[PDB]
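Okay, so here's just one chain, in structure tokens, the form deposited in one PDB entry.
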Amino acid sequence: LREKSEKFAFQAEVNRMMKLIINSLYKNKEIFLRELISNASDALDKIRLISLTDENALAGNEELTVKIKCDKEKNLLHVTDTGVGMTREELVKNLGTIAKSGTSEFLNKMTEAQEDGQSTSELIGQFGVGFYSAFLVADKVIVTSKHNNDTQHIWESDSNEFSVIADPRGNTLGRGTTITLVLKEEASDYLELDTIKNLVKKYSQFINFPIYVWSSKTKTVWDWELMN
């Protein structure tokens, strides 16, 4: 009938132990920006692949870029991509699932229910590290997104509760996603223009597309500087 085991499904809490060790993230909090950039690049690859067969895929927004803006006075970091974007359903379900993956009840049992066992595995294997590291540097994450198949919506969470609303400004993105982080007090430095510039350059290996930072050059003029 089958290949017999035992003890040892209980010894499956090496998984619990491994999840703890991925607390390499506390030691390397700046990885949140690497992940934001990498996920931005993925969302752009995804819409690009779609445009190969769908001539209307890029209609919402012609360009394929990542735009990062610090706002020191308001304590915000924004990372904006013109990639595939996310429907309301994806904001609710898949962020819901991703935020879940850093807990006790989610891991030790499910048990393969009711989503899509392998799809959940892939969702977390890709985005888990990014979501978790963002909440090591931010008290709130706001996700504004526009997918070709839906209207623009805004998801916000403090990691404990979330809400989603239709964006009352309508479609300002054209298509794509803005991730806005309200930074923790200790994460002050990510509001600095130099710091952000140097991190973007350090992680440009993880983008297949132009990445700009809103930056000043001397009145002093502000514009998008191309980082790669």
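Note that the rigid core is defined as the largest set of C-alphas that superpose within 1.5 Å between two forms. Numbering follows the first chain given and starts at 1. Compared with the form deposited in another entry:
- Put simply, after the core is superposed between the two forms, 115 is the one residue in 71, 115, 139, 89 with a Cα shift of at least 2 angstroms.
- Superposed on the core, the two forms differ at residue 25: its CA moves 2 Å or more between the two forms.
- After superposing the rigid core, the C-alpha of residue 148 moves by less than 2 Å between the two forms.
- After superposition on the rigid core, the Cα atom of residue 80 is displaced by less than 2 Å between the two forms.
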The other form holds:
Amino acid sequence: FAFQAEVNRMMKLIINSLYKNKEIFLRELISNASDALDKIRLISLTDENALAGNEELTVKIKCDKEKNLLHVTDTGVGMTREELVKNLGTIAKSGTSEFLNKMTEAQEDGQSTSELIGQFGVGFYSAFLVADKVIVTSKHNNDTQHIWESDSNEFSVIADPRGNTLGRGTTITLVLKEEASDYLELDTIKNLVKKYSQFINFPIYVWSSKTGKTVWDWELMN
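Moving on from the form deposited in one PDB entry, please list the structure of the form deposited in another entry.
Single chain only below; no partners, no other molecules.
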């Protein structure tokens, strides 16, 4: 079924073109990080032990020029394997089959083209506006650490062989597109994070340089 795949991918490449200011993806990822942090914070006000796997409550963003990666890590509630499968799996299933079904369903619901274009700019899915592949590493108090991966067509999830390295929380890793290389520039990231971190009740940091030789460390953005 390679033919339909060329149609599916092309349809996406075009919808993305409608978004000249894709920066919205960073706002949505920060918003999800914030919700996950509020959830574990609320739970901690009832059960102090709930923070046992990792005592801090933060969002840490880092750029990886070499691998062409953008990492967004929060120490929030995290997701179990089933959650990765149900909460992200279905949302990231925009392949030939899924895309067409939702399309004809779009005719049924009578949704407008605007309402279609709009779905590409909100929530977790907005990550694809700038990424070819998205990798999610998560650790929830009720499960072992897992890795989920998707290219917006298929998705797979397996137990992280490195074991529990997060303690608790989630890392969203974005494999950026060539045209999104901008989101690898230290100053662009700092500007956008500072822009969307104003109403989050948790410290958000960006890995940056300071200044002996030059040193790199977490710089507070809000």
